[PDB]
Structure formats: structure tokens, C-alpha cells
Amino acid sequence: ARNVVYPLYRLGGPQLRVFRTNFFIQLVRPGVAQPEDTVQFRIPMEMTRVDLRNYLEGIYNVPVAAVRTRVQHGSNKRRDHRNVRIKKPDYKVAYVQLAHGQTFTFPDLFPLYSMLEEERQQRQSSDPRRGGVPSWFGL
Amino acid sequence: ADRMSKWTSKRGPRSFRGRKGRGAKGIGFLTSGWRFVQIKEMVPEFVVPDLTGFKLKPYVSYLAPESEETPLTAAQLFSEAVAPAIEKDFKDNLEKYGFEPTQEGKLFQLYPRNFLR
Amino acid sequence: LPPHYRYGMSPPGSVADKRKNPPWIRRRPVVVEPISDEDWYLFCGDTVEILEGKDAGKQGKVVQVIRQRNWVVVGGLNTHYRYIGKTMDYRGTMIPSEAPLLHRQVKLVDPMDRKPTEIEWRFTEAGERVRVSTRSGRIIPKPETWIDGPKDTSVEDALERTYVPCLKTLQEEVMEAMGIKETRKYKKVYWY
Amino acid sequence: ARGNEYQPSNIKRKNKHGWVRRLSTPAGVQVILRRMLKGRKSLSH
Amino acid sequence: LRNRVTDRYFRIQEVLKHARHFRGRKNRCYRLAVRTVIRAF
Amino acid sequence: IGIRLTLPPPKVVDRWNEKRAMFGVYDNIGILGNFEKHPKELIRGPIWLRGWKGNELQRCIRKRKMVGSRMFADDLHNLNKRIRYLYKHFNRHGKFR
Amino acid sequence: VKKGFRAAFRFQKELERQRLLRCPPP
Amino acid sequence: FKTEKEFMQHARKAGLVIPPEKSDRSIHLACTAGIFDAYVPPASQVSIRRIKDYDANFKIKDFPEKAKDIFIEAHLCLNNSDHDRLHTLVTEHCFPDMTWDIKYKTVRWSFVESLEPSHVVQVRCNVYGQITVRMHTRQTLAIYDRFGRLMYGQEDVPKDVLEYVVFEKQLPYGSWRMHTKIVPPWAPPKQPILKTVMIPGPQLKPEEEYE
Amino acid sequence: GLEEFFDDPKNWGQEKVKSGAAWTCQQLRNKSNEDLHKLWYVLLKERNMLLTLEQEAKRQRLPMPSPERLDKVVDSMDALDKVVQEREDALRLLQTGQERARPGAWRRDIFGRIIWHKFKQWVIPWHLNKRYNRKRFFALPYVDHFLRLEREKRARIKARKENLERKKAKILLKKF
RNA sequence: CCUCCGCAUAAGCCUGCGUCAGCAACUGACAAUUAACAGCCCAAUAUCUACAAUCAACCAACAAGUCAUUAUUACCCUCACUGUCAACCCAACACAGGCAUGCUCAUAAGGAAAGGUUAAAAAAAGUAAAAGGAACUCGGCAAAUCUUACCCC
RNA sequence: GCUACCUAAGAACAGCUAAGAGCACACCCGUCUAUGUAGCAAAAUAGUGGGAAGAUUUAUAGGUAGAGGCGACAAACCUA
RNA sequence: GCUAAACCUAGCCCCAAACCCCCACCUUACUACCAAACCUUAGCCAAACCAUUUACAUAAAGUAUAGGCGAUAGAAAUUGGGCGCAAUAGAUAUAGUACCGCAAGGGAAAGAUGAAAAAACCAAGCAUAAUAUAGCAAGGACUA
Ligand SMILES: [Mg+2]
Ligand SMILES: [Mg+2]
Ligand SMILES: [Mg+2]
Ligand SMILES: [Mg+2]
Ligand SMILES: [Mg+2]
Ligand SMILES: [Mg+2]
Ligand SMILES: [Mg+2]
Ligand SMILES: [Mg+2]
Ligand SMILES: [Mg+2]
Ligand SMILES: [Mg+2]
Ligand SMILES: [Mg+2]
Ligand SMILES: [Mg+2]
Ligand SMILES: [Mg+2]
Ligand SMILES: [Mg+2]
Ligand SMILES: [Mg+2]
Ligand SMILES: [Mg+2]
Ligand SMILES: [Mg+2]
Ligand SMILES: [Mg+2]
Ligand SMILES: [Mg+2]
Ligand SMILES: [Mg+2]
Ligand SMILES: [Mg+2]
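Chains as they are written, first to last, in PDB author numbering: chain U, 2 to 112, 126 to 153; chain 9, 15 to 106, 113 to 137; chain V, 15 to 158, 169 to 216; chain 2, 48 to 92; chain R, 10 to 50; chain i, 32 to 128; chain c, 31 to 56; chain d, 50 to 91, 117 to 199, 207 to 252, 255 to 294; chain Y, 63 to 238.
It should be emphasised that the hints constitute simulated quantities derived from the structure, not laboratory data. Some hints could be false.
[As the list claims (entries may be wrong)] Restraint-style ranges between C-beta atoms, simulated for each label pair:
{"no.": "1", "chain 1": "V", "residue 1": "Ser111", "chain 2": "U", "residue 2": "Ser128", "range": "14 to 20 Å"}
{"no.": "2", "chain 1": "U", "residue 1": "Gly32", "chain 2": "9", "residue 2": "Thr66", "range": "51 to 57 Å"}
{"no.": "3", "chain 1": "U", "residue 1": "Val51", "chain 2": "V", "residue 2": "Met202", "range": "20 to 26 Å"}
{"no.": "4", "chain 1": "U", "residue 1": "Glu132", "chain 2": "d", "residue 2": "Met57", "range": "17 to 23 Å"}
{"no.": "5", "chain 1": "Y", "residue 1": "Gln160", "chain 2": "V", "residue 2": "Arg20", "range": "45 to 51 Å"}
{"no.": "6", "chain 1": "9", "residue 1": "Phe30", "chain 2": "V", "residue 2": "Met102", "range": "53 to 59 Å"}
{"no.": "7", "chain 1": "V", "residue 1": "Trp170", "chain 2": "9", "residue 2": "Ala88", "range": "35 to 41 Å"}
{"no.": "8", "chain 1": "Y", "residue 1": "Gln160", "chain 2": "U", "residue 2": "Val94", "range": "36 to 42 Å"}
{"no.": "9", "chain 1": "Y", "residue 1": "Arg213", "chain 2": "9", "residue 2": "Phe30", "range": "54 to 60 Å"}
[Unchecked claim] No farther apart than 27 Å at their CA atoms in a straight line, the calculated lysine-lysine pairs in the DSS-like style are these:
{"no.": "10", "chain 1": "Y", "residue 1": "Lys197", "chain 2": "2", "residue 2": "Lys85"}
{"no.": "11", "chain 1": "V", "residue 1": "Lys75", "chain 2": "d", "residue 2": "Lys126"}
{"no.": "12", "chain 1": "V", "residue 1": "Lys205", "chain 2": "V", "residue 2": "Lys192"}
Every residue gets a Cβ at the ideal spot worked out from N, C-alpha and C, and that includes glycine.
Full structure from sequences and hints, please.
Set out below in C-alpha cells:
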């Protein structure tokens, strides 16, 4: 869990246990070409590699073999009308290699106007022989 | 030369980039040869129940009726938790009813929290 | 939203709003008269009557209450004419958009007398509060299915009282439920 | 060659101007107090 | 400013109406027009 | 062009306002109320200049010695500097002497 | 915005005189 | 742009994501996109009762009189550009179709006496009444410029006009207003225009040839 | 499995998905702690699903199908955590009489202001903790002038706000 | 056609010429740098550590030197955290300047002195120059050739 | 964080003749000329030059603070 | 006819009243975790230099006193909301932000539609429209 004071461990103490997990997770699509057995996550900062292993083993029951995380610096180079730096937030990225010869591909997610489009059919464009005469009049 | 930027771990020289980390937690200790010992019991075990046959979905149907907020004060939890035990053992040592004066020998202590969350 | 944000016909989070109210404008704040939260009496669905200007004396129905500016948007009445869908070559279409009214410009309607009425918040034994007109002693009410998906609880299962109130924590109750055992007792640390 | 002057390093910046040094002496404590009374966003390096 | 001058356009136009036929910036700018209008008088 | 293009909104003044209509009442509360009060007790303002007129040096000396104990700190410091400047000005600079 | 009425009034009348001498009425 | 799809695809390529937001106020329209059933010129009494059950005092034997007075008065408001009257006299589907191109030009339309008794033709039907009226009149047009020089039709000479004017009514406060005007494909062409027109051919790119 | 990071694949690209209400708090006070534990993991997996679908919505430059149900899930997570912490607070008040789960003390920093010092866990006692005994919790007498300047600065901000409220009241009486 | 540069690491900077869209690297959205390299170390209490380095051998020194344990007790878990991008830093700048080290010492790497034209004066840099060869000038300064001798300090 | 001196623990110095030696790179400095003078530069450029195994040069951290420091005294240097 | 002009209200000032305000953070602040504080202010300046000296309710009273008895200093007993500002103004403040500085520190500028945007005229400077012998650029004039 995150934003929680962890109880201090002395030698021979009980197992440190988290019951209601504070931190979430999201698996993003890889923007670069990666091996077929690798799932890329966006860990929130206070979550280590061991915690991500036991997190995916416990909750989602995924046979996770390797985890390699890294920290992404969101850019502090964009500015207000006040000329004040806006920081896009930094985020930790997990790279997960799966066991048992499993293979993951990110699935292909995401595969009144009657009046408007029925006046876009009846637009009745001005014939060039009219020369700007309004075509409403029956004369 | 910046002052406004947060002093992150990406920023100093090698000795500064080594010591400061993110909001992660310590799992073990360093020994000679800089060899990291990972203590098994410091790792949080995600205690996860069985989600089989469990009939609570993440949303509630709109046909559920509206009620009032009654936060659990100490008098309510004493009342429904302890008060019929006192009334049944009074019509015929406070530790008999679920009271513990001290909790140093207790596993999950209430003050201070030695459990997590 | 910035201070002295100017409320308008668009909602305070839309896109054409951000064309109209970008984060760098500082405009003269509209002096609106302070109506109390209990003093407001025009609701989204009341049949009201316009007193002033165009469409005076007509009765319509409130469609939107923009309460931060004492605004009542009568549907189909007090309309001006704007185009929409105007591309580069096509001139758009004509639409009767609706101009908002201050609540001073609006009076309610008895559902049996059909007249402009002043309304007070009279108290009765049957109902603690409700609108009561003054020209007649008549109560105006307050104006105004579902199929579950695979991810909704039933109503009965959302209201099960499976809570036996006990002096055990969530942690002790789940450790007793899961059958997890622990013999290592916790060792006292120092807090300062 | 003149004007290059500022020759940066983070160790000399934190150990010259940082918070722990400003709280090492009471003069720098009064510096931090003038920063908070003026209202500045960064009280120290 | 408690009371600062409002009627100042008309003093400038008191002087500058006599300069309307001069050359240069004497017909336009008040600093030059005062000297040439005094001098013309 | 420092002049306005439209005429300003009109200035309505109610001459029979509560303040204007009853203005000046109980100014002669001494000379026909058996001298129980003085009209300098009828004025409201700063406590250092109820019933007193002085120039600026006198207003600041009197302000300091009457309410200067509970003044704010940089108001007390600015006021000490104003008394020191106005001392150096009234007593050393000037034409007539 | 300089408070007052009299310079705004006189300048309002000289704008009226320039509107006359620009577009003279029939 | 040219359509909604180009603005949406440039909203996806530019990255400008517009979430569809839900507002409780929708547009209270007072028109139709054209005609419910287009009358074709050379039994619908159920729709007449479908007008009389909302209106409760409605006489078709008095209606082509009023259809005349709604017609002519609306065209009189083109002589004066009285748009405030026109939105009471004409629908919103008709108002750009008769007032847009006449902007920045003075028309001097003038009615003179009709040739036939005007008469109802068909009637069809949240609830939108619709009455098509046959008129055969004598009108005079004179459409001028910004510069006040004649470009369509003499002011004196009357012309005889066939008119299939479609009316629509909102069925609590609306009245009968000109909705559309059916022009039939068998009709003769209008007046010729005073000036000549050049019509350009295909503007050729250098690699292209004219065929 | 990894398919629980996604919803029912019939919902892919529908641009509108029906969902129920959020778990309000009184509906959760009727439940057991085991039931709030399992429901915590239900809402946890649902929140992760909706967050992957948000980030893929930002990736494909497309809008959300229904962004309101992520707000429903965050509201149900916060409601469940609040109900659990209510039971923690009530049981703590019964057993120990404490109102804060973490011990601390009202202290006074170098800067003279009074700050709630939340205690950290330590192994050794505080008198031989080398890093703790450098952290000084006393204000020396050069601070009291700055405390007085802070007091006067906050009093100026307060007087400005109160007077400005009175000016708005006067302008409201002038207009209506 | 240039290259006395380049490629890395250190320090610095903090996403700053990646994708999509909007004289002739800016904005919005999205994405990425993945530890084996490098930081982040060490259980006490006593007890040991006279003989440089320079190919360390002859030698040859003086300025006299950069490198190590033992006794007993305690000890059994293990691979976490952080850095990793760029055309970059300090000089107000897309500045002929300043910038440590390891490699290549002409490059396998990196770049373009000319927007186009004409061929004035004056100016800058250069190449050549008859005869003479310091006559110039404060002074052989500059340039070209390289040299003799004597004073002062 | 420049610069004056110092502390700690580091580093670089090709080739040729044969030591605070000589020729000579890198590197340090800046004699003399010319360009530049709101410049490329709030002191540079091009060439010529002095030194280049030593009282050398240099990276990193630390120390000395203004009634002062520091100084192979130029009354220098101590953020143009 | 371009640049532009204008604008009224954000706010502020002076009074009165009333005594105010989850997590991480003194190690390299924003980092889960190991053997000590008090010590006269001085000086500018006035004395036409300077050197002792030089101010920091009413009334007695500028009195007694003190003082290179000179500049000057100086008691006590006793007595008892706005004839404010309105965007170069008013706070520096839209903000102690941007930016500058190694740091202490310094320190900005600005906005104006309408009920609803789900609807002209006038500063300088130019342009329309270059110039004609001669001279502080005018004045007397003149048919010009
Ligand atoms: Mg340096
Ligand atoms: Mg190359
Ligand atoms: Mg080039
Ligand atoms: Mg050229
Ligand atoms: Mg020759
Ligand atoms: Mg000679
Ligand atoms: Mg000669
Ligand atoms: Mg020479
Ligand atoms: Mg030598
Ligand atoms: Mg010389
Ligand atoms: Mg040499
Ligand atoms: Mg020296
Ligand atoms: Mg000397
Ligand atoms: Mg000298
Ligand atoms: Mg003097
Ligand atoms: Mg003197
Ligand atoms: Mg007394
Ligand atoms: Mg201001
Ligand atoms: Mg200012
Ligand atoms: Mg002009
Ligand atoms: Mg003359």
C-alpha cells in the first residue's frame, strides 16, 4: 500500500501483510517493439518490483517471471499564461515477462442531426447562370 | 540553478542519485560487498480472498432505496456489540466481554497501528 | 475554476465554454442579487410566465435553472435566432435559441387558476415545506425504467445485513476467516 | 574569459546554500524566517 | 490621484487651433506649437 | 487621448437620505442641553483625534503616544521614521524663520 | 478613467460638432 | 472545413479529444427538415382530424384566405427587411431560404390581384401540422444591388406565378407559417437576368490536359 | 488473468456502456468486514480495468466510452475505505480512547509555529538517536519578532477580507 | 570540400530537431531510457601493519612515499532501491569563448567556408613582384630569412 | 561553484637529444603585431611567441569573510 | 483608415469593532527504520568643522532642570464608516509569481462586448496625397 506508514520490522517479527491494497495499476500499450511475452504496466511510484510480482500473482493470478521497472520523467517544459512551469507527473513503468511460455498481445480496443444532414442534402446550390439572384421568388 | 523544481532522484551526481529514491519502502539491508539482503518478512504479502461465488458486483442497481447516513460512533458499536452481553450477564473483570486494557501482547494493535491500512 | 468565473449558458466544463472563458480573462463580475438557498423557488420543470419584453404574458416551462446567476431558461419562449453547422461554404441552419430570464422577470402559475402568482413557503401539518400561492391557498408541487447489466448487484443483495457487530478488527476477522496462522508475536518499537 | 563565473555543481549548492546549512546557524534561521515572512515559494536550495 | 485634470484636451486645442497652417510638426505637436504660436502672436 | 468618448452614467443623489436629512443634529447639544456633553464627544473617528486638531507632526506624535503601543510593527516603524523626517523638516528646513 | 462630467460633456459636444462638419445635414 | 467528419478526423489527428457531454437542455426546434410528403402536381381527412384534435377550432373553408394573408405580408416584409415580423410569419427552415441572398440588396416586390381562387391541396402530419396551398397570382419584382441598379425584372410589368406553398404549424403558441415552396420539374423557367455570365471550365494543373 | 485488465469484449468500441450506481456508505455499513475485503478487491480490479481503458483512450486519441463509471468506482473505493476507517476509529475509541491511529505530539519547530509532529517508528530510544537529537523542537528568542510579523500579516489579510465583504454588501444594497 | 575533431564517461542540464496535428529546435497530444555498468555498504572489543614507486631486476637515490591483519564472540536471509533520453553544460543567444578524463591521432566518426549576381572606391587577410636592399621608422614594428659581436640591468 | 592561498585523496605530461636541462606536441600562459571596438566575445580572433617532469598544470570535495581574509607586495585577488 | 483610443470594477487604503491562525519534511528539507540560548546597539545627522553632546487624553509646561550653559534635551508633584483611490492610482501584488542574483536579496507588467456568444469622431506615427530658388519656418499682407 502507498501513503501508509509501514510498521517497523525487528528480527523474528510477524509477516508484514497488506489486506486492502492502496495502489492501482494499468497496463499500457508498448510504444516501441517489444517481445511477445512482455506486458508493460504503469506502476504508481511507491510500488517496487517485488510488490508488483506478488501483486500480479495474488490478485490477477498471472505467472509473472521477470519484472524490470524504470522511472519516466514527465516533462516540466510547458507553461501557463503566467509563464509558470506545468509538470506532467512522473510515473514508474513495469516491464513484465511471463512464465510458462505464455504470450500476450495488447488487444484491439476501440474497433437533431437528422435535421442537419437532411438540410445538407437539400442545400440547392446556386446555379452559375443565376449570377447572385435569390432563387426564392417564383417569378 | 533551479529552485522551483522538485529535488528528484534524477538530478544530483552519482552519490546523490544513489541515496535518494522514490517513495518506495525498504525491503532488506546492505552488507559487505554492497550485497543486498532481502528480508522475506518485510515484503508485504497481498492477502487476497477467493472471489468464487461472490455476489457483490462493483456497482449497485438504481432500484435500491435511499437511506440516511449514520456513521458508526463508539456508542453504537458498544451498544450493538457489547450491550446485550452486559444485559444478559447483568440480569443473573471487564475482559469477559471483549475488552483488553493493555495490548502489548496483542498481534494487531489498535494504538499505535501495527497492522497496515 | 478561477475566481470571478462568469457563468453562462454553456456548462462550466465544456469546450465552447473554454473558448468563451479561458484561464486568462478578468471580466467585470455580474452583480446578482443574493437569493438564499431556501428562498429559490423556480425549479427545472415549473410552468412559469414571462412578464417583461418579448413573449410577455406567455406561459412556458423551465428547462434549465442556472442558479449562480438567478437564471430561468423558459423552453421555446424568449427566443432569438442563431445558425448552427456553418461551414466554409454552407450557411448553416436556423435554430431558435433561448435567452435566459432573471427570476424577477418570471412568475409562477397556479395549476388551477393559471395566473401569475407570488409564492411563499408556507408550513402545514401534513408537509413541513412546499410552495403555497397567495392569491389562492393552493399547494404547487415540486416537478420532475432500469435493467441490470452483468456488473450490477441486485437490490436484495445490496441490502443484506451480514454485519454481526463485533470487537474484532477487519484484520483479525480476515485472518480468522482466511485461516492464516501466525506464531511470531509483534515486538515493541519506539515512537517519537 | 571573464563572466563564466557560475560553475555549477549540486554538492556545493546543497552544502553551500541548502536547508540543513541554513538551519545550522541562527543567522540562516532568520534568513528562512525572512523568506517565509516575505512569502517566497522556495525558502532554500 | 484625488483630483487630476480632465479638461486638458481643450487647453491643447486652445493652442493648437492657431497652428493648423504651420509646416512640420508645428501644426501637430503641442511642445513645438506653443513656441511657434507665441512667436506668431 | 486622455478623455472619455461616452458621457458617464448619471449621478443620482438623494438629498433626503437618512444621513443628509438629519445631518448636523446634536451639534448644539451643549448650548441647549444644559452643557452635559460637549460636541467633541459627538464626533467619531480615530481615538487619537476625537476633539483635537494638529498638523502632521503633532498628529503622528499624538498617534504614537496614544495608540502606538498596539500598532502593528512596521506601522510603528514607519511612523517613527515619519516623526523623525517631519522633525528634521519642520525644525531645520523652510523659508520663514 | 478620470472622474468628472464636464470634460466628457464638452468633448461629447465637440464630437457632435465634428459629426456635423463631417456629414452635414440636408 | 467541409463536413463534420473532417473536423472529427482532424480532432483525432490533432489530438483534440472532445468528450460528448450531456446537458439537460436540448434545442426546442419549431420546424421540419423539409416536407413530410412532397406533393407532386400535374383522402387525407384523417390528418385533418389530427389537426382538429389539437387545435379544436379550425376551418379549411377559411384557410386559403389566411394563407394569402400569411404569404403576401411576408413578402411585404422583404420590401422593408422587417425580420421581427418574418419570424412570426415564416418558419425557421424558410427564413434563410428567403432572406439570406436578398441581404445587401433592395427588393421591391409588389402584389397585384390574383387570377384564381387559391385553394388547399394536401394536409399531412412533436406534432407538426402541414398544409400545402396552390396559388396562381400576379406579382412584380425588382431586385436591385447595393448600388441601386436593377438586376432582375422590371418594376411595372406583372408576371403570373404558380405557387405551391407548404405551411407548417407547431401543435401551444405557434401559428401557420410558410415552411417551404415546392418548385416542380415540369414548371417553366423563371425570368432571364439582365447581365451575362462567364462560367469557367476545369482549372488545369500543368500535368493535366483538357478533354 | 490478463483478460481481467479488460472488460467484456462485446463492449469494445460501443461508446456508451450502462453501469449502476456507486456504492454509497450506508449500503456498506450493513456489510461485514470480510465482505468489504472481497468487495475491495472487486472494485480494485474494476478500477484497474477502467484505468487501462482511460490510458488506451488517451493513446488512440478517442474519447471515453463512459468516463462517469470511473468516478463511480473511485467513489465506491473511497466510500469503502471511509466505512472501514469508521470501524477502526470506533473500535479504537472503545479499546484505547485514542482518536488518532498514529501517535504524535503538539510541538514547536525552530520557526516558532506550533506543528503536530507525527511520530515515526524507531528501534533505539530517543536519547541516543543521533539524527533525532539534531532536529531541534524549541524556538529561541530571536523568533518572536517574526511570529509577531506573521500575526500582523494574517491580521492584515483578515481585515482586508472582512472590509471587502462589507463593500460588496454596500454595492448589493445600492443595486437592489 | 573541411576536420585540432569525434565517441564515451564525469560534472552539469532536466525531455529541449521521436510520432501525429498546427532567410524559408515553437504549440497541443502521445510515446519512451528496462541492470549485468555506476551509485546505495560493512557486528563488536582487543590486537596487528620497519623495508616505497619508477616493467623492480641490476643500479641509483631523496622530496622518504597511494594499497595488508589476527584472536574470540554474533551471524545464515539473499539480487531491492536509484541513474540510464536529446542536437545538451557555463557564458542574457541556436555566442569564433570556457570545460576534467579514456580512446582514433586522420579518422570507420563528425561536418559545410558560398542566398543570387557584379567585379567600383576605401578596409581586412593573402600570393607574386624588375632594379635596389633598412634608404622606411621612435624603433628592422610587420614580413622574409636566420645569424655575428658588444654593453646595461 | 570566479579568483588569492591552503587541506584531503586523485590524474595528465607524445616524440628527440641527453638535470626547477635543451628542441618539441597535447596542455598552461599571453610577448608582439593586426583584426574587432553595441564585437563572435562586458577582453575575443589570426599569426607570432614563453613554459611544457616541475616552485608544473588540472578535475573533485573541504577551509579562511569584510574593523576581515588572502598575498613569490601588484596596496593585487576576495562572483564582470 | 491603420495603429489605436476610450471604459468600470477587480481590488486596495485609512478608521472603527473584535484579541488571530492520509503520507513526507532539520541527512543533500519534502528522505520508513540504530549508541546547545542569553552579553550597552552603533552610526548617519544637527552643532553651518568636529572631538562632550544631538528628540525616538488635557493641563502644570516647553516650566523646574540638564547642556562644548550651545546645538539642543526636558520632567514631576498636581490635575482629570469615508469632501479615500479606481488599472502609471490604491497594496509590490492578477504575485512575492515570471524574471534577475551563487546567495542574502531585488522585483515586474497586465483586464475591459453584451441580458444572452447555446446570438464611428479624437494623441504622436504613418496612409489617402513626395518635392520647386530663399534661409528659427512665421507675421504684415495679398486676387493669389
Ligand atoms: Mg572550477
Ligand atoms: Mg561522417
Ligand atoms: Mg554556408
Ligand atoms: Mg553574399
Ligand atoms: Mg622586389
Ligand atoms: Mg634610418
Ligand atoms: Mg627619414
Ligand atoms: Mg620584428
Ligand atoms: Mg625543464
Ligand atoms: Mg613588452
Ligand atoms: Mg623549453
Ligand atoms: Mg601566487
Ligand atoms: Mg610595491
Ligand atoms: Mg602604489
Ligand atoms: Mg555638524
Ligand atoms: Mg568634513
Ligand atoms: Mg502627571
Ligand atoms: Mg498597480
Ligand atoms: Mg506594481
Ligand atoms: Mg493623428
Ligand atoms: Mg525673409
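Going through the hints against the structure:
Taking 14 to 20 Å as the suggested C-beta distance range, the pair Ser111 (chain V) and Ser128 (chain U) conforms, at roughly 19 Å. Hint check: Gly32 (chain U) to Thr66 (chain 9), Cβ distance near 37 Å, so the stated range 51 to 57 Å is violated. Take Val51 (chain U) and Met202 (chain V): their Cβ atoms lie about 21 Å apart, and the range 20 to 26 Å holds. The given range of 17 to 23 Å is respected by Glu132 (chain U) and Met57 (chain d), whose C-beta atoms sit roughly 19 Å from each other.
The hinted range of 45 to 51 Å is satisfied by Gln160 (chain Y) and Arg20 (chain V), whose Cβ atoms lie roughly 48 Å apart. Against the hinted window of 53 to 59 Å, the Cβ-Cβ separation of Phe30 (chain 9) and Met102 (chain V) comes to about 58 Å, which satisfies the hint. At about 38 Å, the beta-carbon gap between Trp170 (chain V) and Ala88 (chain 9) stays in the expected band of 35 to 41 Å. For the hinted restraint 36 to 42 Å between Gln160 (chain Y) and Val94 (chain U), the CB-CB distance of approximately 40 Å keeps it satisfied.
Checked against the hint of 54 to 60 Å, the pair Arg213 (chain Y) and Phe30 (chain 9) fails, with Cβ atoms roughly 39 Å apart. Under the criterion of a C-alpha separation no larger than 27 Å, the hint pairing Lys197 (chain Y) with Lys85 (chain 2) is consistent with the structure, at around 25 Å. Taken as a hint, the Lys75 (chain V) and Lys126 (chain d) pair is honoured in the structure, with Cα atoms around 24 Å apart against an allowance of 27 Å. For the hint pairing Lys205 (chain V) with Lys192 (chain V), the CA-to-CA distance comes to about 16 Å; that is within 27 Å, so the pair holds.
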